[PDB]
Structure formats: C-alpha cells, structure tokens
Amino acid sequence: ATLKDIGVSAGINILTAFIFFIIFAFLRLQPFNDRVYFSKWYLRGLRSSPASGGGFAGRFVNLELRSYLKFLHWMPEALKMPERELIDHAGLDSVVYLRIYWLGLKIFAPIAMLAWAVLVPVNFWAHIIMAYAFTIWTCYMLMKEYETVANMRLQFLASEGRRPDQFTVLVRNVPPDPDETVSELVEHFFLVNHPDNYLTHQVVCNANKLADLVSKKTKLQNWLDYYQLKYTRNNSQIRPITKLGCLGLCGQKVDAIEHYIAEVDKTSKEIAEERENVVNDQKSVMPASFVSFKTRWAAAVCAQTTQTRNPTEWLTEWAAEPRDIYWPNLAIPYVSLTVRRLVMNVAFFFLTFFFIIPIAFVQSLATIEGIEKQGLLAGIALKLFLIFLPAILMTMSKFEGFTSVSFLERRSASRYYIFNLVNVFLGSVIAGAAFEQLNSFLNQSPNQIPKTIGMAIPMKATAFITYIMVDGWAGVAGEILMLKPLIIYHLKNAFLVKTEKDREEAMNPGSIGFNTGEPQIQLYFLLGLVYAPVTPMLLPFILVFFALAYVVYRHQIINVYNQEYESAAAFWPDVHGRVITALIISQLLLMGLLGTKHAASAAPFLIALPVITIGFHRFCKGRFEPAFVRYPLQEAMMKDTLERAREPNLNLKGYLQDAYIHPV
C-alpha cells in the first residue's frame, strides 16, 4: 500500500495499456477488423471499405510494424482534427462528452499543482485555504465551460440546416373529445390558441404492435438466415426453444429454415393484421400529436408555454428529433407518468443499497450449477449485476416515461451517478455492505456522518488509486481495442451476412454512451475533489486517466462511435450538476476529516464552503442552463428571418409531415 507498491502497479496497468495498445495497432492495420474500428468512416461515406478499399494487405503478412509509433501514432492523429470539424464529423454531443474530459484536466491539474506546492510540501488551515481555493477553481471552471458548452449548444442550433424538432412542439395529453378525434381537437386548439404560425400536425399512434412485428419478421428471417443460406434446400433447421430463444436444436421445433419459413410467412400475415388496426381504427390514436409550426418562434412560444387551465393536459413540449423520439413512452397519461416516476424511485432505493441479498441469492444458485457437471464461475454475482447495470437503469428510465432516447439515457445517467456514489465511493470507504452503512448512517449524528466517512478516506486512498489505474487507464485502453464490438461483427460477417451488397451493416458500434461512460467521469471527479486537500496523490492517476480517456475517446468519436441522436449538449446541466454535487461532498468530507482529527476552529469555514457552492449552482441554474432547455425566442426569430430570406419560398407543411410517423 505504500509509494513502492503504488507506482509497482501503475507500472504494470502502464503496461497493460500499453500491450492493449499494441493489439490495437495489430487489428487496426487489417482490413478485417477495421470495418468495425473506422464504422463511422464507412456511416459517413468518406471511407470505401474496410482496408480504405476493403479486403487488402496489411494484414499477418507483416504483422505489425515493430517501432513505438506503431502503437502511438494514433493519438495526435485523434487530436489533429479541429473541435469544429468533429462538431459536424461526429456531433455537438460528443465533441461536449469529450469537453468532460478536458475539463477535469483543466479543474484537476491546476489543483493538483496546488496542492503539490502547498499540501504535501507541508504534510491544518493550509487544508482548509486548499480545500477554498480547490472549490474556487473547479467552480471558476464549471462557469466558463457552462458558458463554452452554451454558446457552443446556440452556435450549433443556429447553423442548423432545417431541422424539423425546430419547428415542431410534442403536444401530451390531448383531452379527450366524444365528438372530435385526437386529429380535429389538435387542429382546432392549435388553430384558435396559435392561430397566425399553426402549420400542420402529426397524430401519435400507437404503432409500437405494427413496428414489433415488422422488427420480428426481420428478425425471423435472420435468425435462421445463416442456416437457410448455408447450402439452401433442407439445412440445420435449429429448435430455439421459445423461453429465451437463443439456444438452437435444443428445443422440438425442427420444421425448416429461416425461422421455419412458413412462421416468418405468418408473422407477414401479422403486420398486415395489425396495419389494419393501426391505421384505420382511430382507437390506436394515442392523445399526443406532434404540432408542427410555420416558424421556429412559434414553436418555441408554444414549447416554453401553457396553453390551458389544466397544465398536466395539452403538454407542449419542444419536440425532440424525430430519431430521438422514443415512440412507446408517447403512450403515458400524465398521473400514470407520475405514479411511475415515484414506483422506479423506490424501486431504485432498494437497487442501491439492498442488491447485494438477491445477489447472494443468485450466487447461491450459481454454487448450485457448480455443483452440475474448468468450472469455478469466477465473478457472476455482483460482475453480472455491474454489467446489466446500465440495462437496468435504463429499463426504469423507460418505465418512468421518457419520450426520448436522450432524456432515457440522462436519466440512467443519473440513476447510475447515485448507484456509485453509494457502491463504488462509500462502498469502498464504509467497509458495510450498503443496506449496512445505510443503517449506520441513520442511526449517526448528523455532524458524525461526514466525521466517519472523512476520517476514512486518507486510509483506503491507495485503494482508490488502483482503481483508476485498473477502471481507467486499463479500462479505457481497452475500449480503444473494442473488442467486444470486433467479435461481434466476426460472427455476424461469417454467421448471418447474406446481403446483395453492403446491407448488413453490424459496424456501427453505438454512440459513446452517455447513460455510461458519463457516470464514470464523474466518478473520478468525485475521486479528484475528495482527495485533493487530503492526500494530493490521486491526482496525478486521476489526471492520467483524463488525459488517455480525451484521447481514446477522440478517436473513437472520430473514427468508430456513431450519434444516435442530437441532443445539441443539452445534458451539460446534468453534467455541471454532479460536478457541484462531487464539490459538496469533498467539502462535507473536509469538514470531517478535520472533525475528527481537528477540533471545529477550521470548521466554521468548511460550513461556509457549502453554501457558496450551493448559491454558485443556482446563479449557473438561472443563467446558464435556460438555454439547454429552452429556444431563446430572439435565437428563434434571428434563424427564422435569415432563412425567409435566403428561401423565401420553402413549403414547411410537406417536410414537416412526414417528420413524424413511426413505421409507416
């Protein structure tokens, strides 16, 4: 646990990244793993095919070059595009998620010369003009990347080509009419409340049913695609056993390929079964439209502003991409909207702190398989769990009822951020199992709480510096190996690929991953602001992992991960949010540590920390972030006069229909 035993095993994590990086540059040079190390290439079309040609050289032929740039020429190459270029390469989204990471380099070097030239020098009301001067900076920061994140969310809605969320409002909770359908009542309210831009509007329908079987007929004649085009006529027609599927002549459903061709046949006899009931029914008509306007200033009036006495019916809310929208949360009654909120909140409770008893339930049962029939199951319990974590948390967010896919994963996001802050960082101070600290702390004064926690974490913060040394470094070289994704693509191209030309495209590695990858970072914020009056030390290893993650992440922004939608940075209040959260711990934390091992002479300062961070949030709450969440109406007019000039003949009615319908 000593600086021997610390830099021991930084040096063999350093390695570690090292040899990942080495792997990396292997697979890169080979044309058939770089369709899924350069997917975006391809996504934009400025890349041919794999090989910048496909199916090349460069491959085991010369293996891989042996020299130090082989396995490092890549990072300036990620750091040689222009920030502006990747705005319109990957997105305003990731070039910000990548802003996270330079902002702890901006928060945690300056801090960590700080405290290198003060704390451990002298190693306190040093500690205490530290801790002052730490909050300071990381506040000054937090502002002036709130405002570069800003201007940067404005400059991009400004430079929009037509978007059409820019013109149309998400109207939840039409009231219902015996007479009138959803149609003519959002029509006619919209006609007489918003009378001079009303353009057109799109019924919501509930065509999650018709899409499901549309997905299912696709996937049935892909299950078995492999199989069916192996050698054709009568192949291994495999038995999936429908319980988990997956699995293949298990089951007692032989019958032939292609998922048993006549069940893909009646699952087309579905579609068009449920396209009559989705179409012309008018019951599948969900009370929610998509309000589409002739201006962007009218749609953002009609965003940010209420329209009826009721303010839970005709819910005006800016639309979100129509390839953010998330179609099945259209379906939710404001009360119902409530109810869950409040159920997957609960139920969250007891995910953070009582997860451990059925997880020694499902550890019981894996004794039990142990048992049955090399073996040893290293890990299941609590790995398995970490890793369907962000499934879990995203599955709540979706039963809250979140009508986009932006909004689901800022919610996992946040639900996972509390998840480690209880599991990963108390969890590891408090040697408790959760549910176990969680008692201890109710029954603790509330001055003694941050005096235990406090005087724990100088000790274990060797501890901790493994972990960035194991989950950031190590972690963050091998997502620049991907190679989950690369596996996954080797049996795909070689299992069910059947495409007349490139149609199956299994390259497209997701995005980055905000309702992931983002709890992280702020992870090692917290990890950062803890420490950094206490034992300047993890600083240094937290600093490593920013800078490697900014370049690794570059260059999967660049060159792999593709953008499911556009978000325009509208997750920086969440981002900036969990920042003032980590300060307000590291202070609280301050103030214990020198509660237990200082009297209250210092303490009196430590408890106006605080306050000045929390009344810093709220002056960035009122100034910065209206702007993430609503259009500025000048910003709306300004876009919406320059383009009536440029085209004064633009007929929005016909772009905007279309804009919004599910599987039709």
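We call the rigid core whatever largest set of C-alpha positions still superposes within 1.5 Å between the two forms. Numbering follows the first chain given and starts at 1. Compared with the form deposited in another entry:
Per-residue Cα shift between the two forms after core alignment stays below 2 Å for all of 449, 481, 422, 157 except 449.
Relative to the superposed core, residue 600 undergoes a C-alpha shift of no less than 2 Å between the two forms. If you fit the rigid core between the two forms, you'll see the Cα of residue 277 move by less than 2 angstroms. The Cα shift for residue 308 between the two forms, taken after rigid core superposition, is smaller than 2 angstroms.
Give me the form deposited in another entry now, not the form deposited in one PDB entry.
The next block holds one chain only.
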C-alpha cells in the first residue's frame, strides 16, 4: 500500500495499456479489420472499401513496423482535427462529450498542483483553504464550460440544416372524445389555438407489435441464413431450443434452413395480419400526435406554452429527431409513465443496495453447475454484472417510458452515477454481509443509522488508485482495441454474409455511449474532488485517465463511433449537475473529516461552501440551462427568416408530414 507498491501496479497497468496499444497498431494495419476501425470514414463516404480500397496487404506480412510510433502515432493524429471540423464530422454531442475530459484536466490539473504544493509539503486550516480554492476553481471552470457549450449549441442549432424536429412538437395526453378521432381532435385543437402557423400532424400509433414482427422476420431470415447458404440443399438444420435461442442442435426443431423457411413465412403472414389490424382500426392510435408548424418559432411557442386548463392534458414538448424517437415508449399511457418511474426507482434502490446478494446466489448456483460436466468461476462474480449494468439501467429507462434515445441514455447515465456514488464510493464497504447493516438499522432504538453508516463508509485512497489504473487506464486502452465489434463482424462476414454488395454491415460500432462513458468520467470527477483537499495522491492518476481518455475517445469519435442521434449537447446540464453533486459531497465529507473537535472557526466556513456551490448552481441553472431546454424565440425567428429568404418557396408540409410515421 506504499508508494512503491502502488507504483509497481502503476507500471503494470501502463504496460497493459501499452500492450493493448501495440495490438491495436497491428490490428489497425490489417486491411480486413479496417471496416471496424475506420467505420466513421466509410459512413461519411470519405473512405472507400476497408483499407482505402480493401483486401490488400500490409497485414501480418510485415506485422507492425518495429518502432515507437507504431502504437503512439495515432495519438497526435487524433489531436489534429480542429473542433469545428469534428462538429461537422461527428457531431456536437461527441465534441462536447470530449470537452468533459478536457474539463477534467482543466479542473484537476491546477488543483493537483495546489494540493501538491500545500498538503504534501506542509504536513488544519490548509485543508479548508484548499477546499475553498478547489470549489472556486471547479465552479469557475464549470461556468466557463457551461457558457462555451451553450454558445456551441446555439451556433449549431442556428447553422443546422432543416430538421423535422425543429418544426414539430410531441403532443401527449390528447383527451379522449367519444365523437372525434385523435387525429381530428389534434387538428381542430391546433387550428383554433395555433391557427396562424399550424401545418400538419402525425398521430402516434401503437405499431409495436408490427415492428416486433418485422424485426422477428428479419432475425429469422438471418438466423439460419448462414446455414441456408452454407451449401444449400439440406444443411445443418440446427435446433436452438425456443426459450433463449443461440444454442444450436439442442432442441427438437430440425425442419429446414433460414430458420425453417415456413416460420419466416408464418411471421410474414402475421405481419400482414397486424398491418391490417393497425392501420384500419383507430384503437391503435394512441392519445398522442406529432404536430408540425410552418415556422420553428411557432413550434417553440407550442413547446414552451400551456395549452389547456388541465396542464396534464395536451402536453406539448419539442419533438426529438425522428431517428432519436424511441417508438416503443410512445405507445405507453401517460398515467402509466409515473407508476413505472416509481417502480423502477425502487427496483434501482434494490439494484444499488441489495445486489451483491443475488450475485452471490448465482455464484453459488454456478458452483453447483460447475461440478456437473477448468473452472474456478473466472470472469463471473461482479465483473459480468458491471458489463451488464449499462444494459440493465437502459432497460429500466425504457420501462420508465422515455420516448427518445437521447433521454434514455441520459437517464441511464444518471442512474449509473447514483450506483457509483453508492457502490463504488460511499456505501461500498458499508454494505457488510448483504443487509446486515439494514437489519441493525431496522432494529435501531435511536437514529443511529447515519452514525454507524457514515463513520465506516468513507473508503480508502490506495484502493481507489488501483481502480483508476485498471478501469481508467487499461480500460480506455482496451476501448481503442475495439475487440468485440471486430469479433462480431468477423463472425458475420464469414457467417451470415450473403450480401449482393455491402448490405450485411455489422461494422457499425455504435456511438460513444453516453450512458456508460459519462458515468465513468463522473466517478473520477467525484473521486478527484472528494479526495483533493485530504489526499493529493488520487489526482495524478485521475489526470492520466482524463488525458488518455480524451485521446482515445477523440480517435474513436473521428474514426469509429457514429452518432445515433444529435441532441446538440442537451445533456450538459446533467453533466454540470453531477460535478456540482461531486463538489457538494466533497465539502460534506470535509465537514466530517474536519468537524469533530477542530474549531469554531472552521465550521462557519465549511457550511458556507455548500451554500455557495448551490448558489452558483442556481445561477448556472438560470443563466445557461435554459439554452439546453427551450429554443429562444428570437433564435427561432432568425432561423425562419433566413431560411425563408434563401428558400422562398419551400413546401414544409411534404417534408414534415411523413417525418413522423413509425418506420414500419
């Protein structure tokens, strides 16, 4: 646990990262791996077939050029593209996500210098002075970044080309009327309440079943497509037991190929059936619509205005890009939304507290099944749970009912933050023997709960240092290697490829993953902020994470990741608020570290710090936050007038009419 010991593990992790980088150098040279290493370039059409032409040499024939810049040159090259160019290459979302890593450096580097020039030499009022300076600097940098990101969002929103969401609102909870259809209600309402600028509307329909049937058809057509064209005739008719799939030659359904062709045909028959009972029924039509307006100004008005005396009916909000719309959740009743949120809130309480016990349950189950038909339960335990955490949290957000992928990712990121506040930091080691602490809290005569818990849950430094070195050093290095997407496309272009040209593209690497990546940055913001006034040891390792992550993610944003939506940095208020939470928690923990005994000339200052931080947060929520939630009417009018001058005769009707039909 000494500097020496920690430094040994540091060197090991630096080497692990370097090994990853070396493999990356080799794999990125392979012409057949370029599809999954330069995906963004192909998605942009700037690069051609994989290796600028594809299928060439330069692979294992020359391995990787023996040097130092083989596994290092990609770093300065990632830092070469200007930010403006990356805004048009990747998007504003990705550029401001990168700005969070730069913010971490802009905040922690100066405060690391301060903590290393005060604490370690002079080793108390120094702690409180440091705390103050740290919070002042953090807030100053947060305000400057709130301003820059807001100005970037506004510049982006103004220079953006026509988007259907700029003219549309999602009206929800349209009150049911026994004499009129949802469509008629909507049309009439917006023709009398927004007469001057109402253009068109698109009622939301529950086409979830039809969509799932179409998705099932495609899945089944591609299930045994590998087997269908393996050798045709009668191939390996595998039987993945119908309960979980995968498997293969395990159940009893041999039949034929292409997932037993008749099955694909019966799914097609059900698709036809559903199509009939979804277009001609008027019961699939949900109490919601997508109302478009002739001007962006009018849509802004509608989005930021109450329409009726019942503020829970005719709820109008800025619509999301048609590609950001999560259609399954647009068919969930509004009343249900609130109940689902509550159910998922308590399910999360359970997931963030009583989760080690179910993990131990499955661990014990795995020991039993391990004996039956070398093992040592490696890779399971909680590692697998941490890989599934983002997905579990995402399905929880989908249950809650968010109708935009952007918002779902933002909700999952907020949940992951709370998970990390509890299970990585305050409350990880306090969770002794499952709910033993909770049993004592239930049988506690007085209110000793905070006492017991707080006292023994502040966590340690050297242990956290190893976490940064494993998850934030070698972890971000593994990201550059893109192992799983490579494997996926390898076992797809060799398996179920059968494409006429380039239709079977499993090269898609998804996006940055705000629901996972941001929680990581925020956990290191938390760690670095809480420990800063106490120990200056966490800061150096946290800073290496920020620098490495900046470069690895910049590379991945320029070369691999493709944005699945464009929210124009709408998530920044969330980011800001989580660093504000980190700050407040830091000051609260310092109050505890320096409150017992101490002095009466310490508490007045350690109580002013949280207040100042909350006041700054409120100032920032009133100065910069509105830019991310409401479109200013002057900006909307400016865009409208300029567009109507450049294009005097645009038929917005056609463009906005079919924009919000369910993709099915």
